[PDB]
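Can you read through this structure? Questions will come right after.
Apart from one protein chain that is not included, each protein chain of the complex appears where it belongs.
We call the chains A, B and C, going by the order they appear; numbering starts again at 1 in every chain.
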Amino acid sequence: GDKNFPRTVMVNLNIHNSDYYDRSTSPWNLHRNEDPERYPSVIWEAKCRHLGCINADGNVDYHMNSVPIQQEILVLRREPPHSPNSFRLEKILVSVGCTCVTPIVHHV
Amino acid sequence: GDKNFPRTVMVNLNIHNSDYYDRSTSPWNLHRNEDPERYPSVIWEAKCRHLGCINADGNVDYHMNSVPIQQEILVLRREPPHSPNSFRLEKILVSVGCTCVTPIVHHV
Amino acid sequence: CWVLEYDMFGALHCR
Partner (left out) sequence: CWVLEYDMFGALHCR
């Protein structure tokens, strides 16, 4: 690593400056996770309800796929454990919701 | 506010512990934003391509809606400006991708 | 803001 890179920085934690999961053709459920050693302590993970997507009749169409849309987000991990004022920056891969995609199928 | 709440905490910045935008029935484009006063400095915003969703024929179906899936994410804002080691925690509302939803339409 | 949490809609809240 670079010795000029600050191994510790100061952070001021005072931040100042209907639902699609059901109506989507690729609907999802939400799973809660709580960890008091993490800040934010509560995060939610979307889980696609079905393998296929919902058609105009309200049935699952397996010729299309529900897939989760994911991104990495930043959180703070208490370090040492239980510390009220000392953390390490951490990244987590979270599923935010689902979308409906045309599958990869070859006409061979 | 609570006077026992730490107004400054230490953070160690050393983190250690095909594509759907095109194939989706609610496809999206990605817009880049760069701000050197923010860490991460580069974020991307999904913009839904269409008002409707793409049908089996490859055409836009306006009886369904493409909508963006959004979440707030945490970033660090340099404070004072240009500081290499002093920040304020900040939250940003980002669009991660789009999904296809049944519209709100009343049969009145 | 002793407790920071996401709600099920992707918004952050001080609890």
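The rule is short, and it goes like this: contacts are C-beta pairs under 8 Å (C-beta built on N, C-alpha and C of every residue); 3 or more make two chains touch, one makes a residue touch a chain.
One of A:14, A:29, A:70 or A:83 touches the chain omitted from the figure, and that residue is A:70. On the side of chain B, touch with the chain left out of the figure occurs at residues 13-15, 19, 30, 32, 39-44, 96. Residues of chain A in touch with the missing chain: 2, 5, 70-72, 74, 91.
We adopt the following convention: only the chains that are shown with their structure count from here on.
Distance between chain centres (mean CA atoms), chain B to chain C: 17 Å.
Inter-chain centre distance (chain A to chain B, centres taken as mean C-alpha positions): 11 Å. Multi-chain contact residues of chain C (touching two or more other chains) are listed as 1, 6, 10, 12. Touching two or more other chains at once are residues 5, 71, 74, 91 of chain B.
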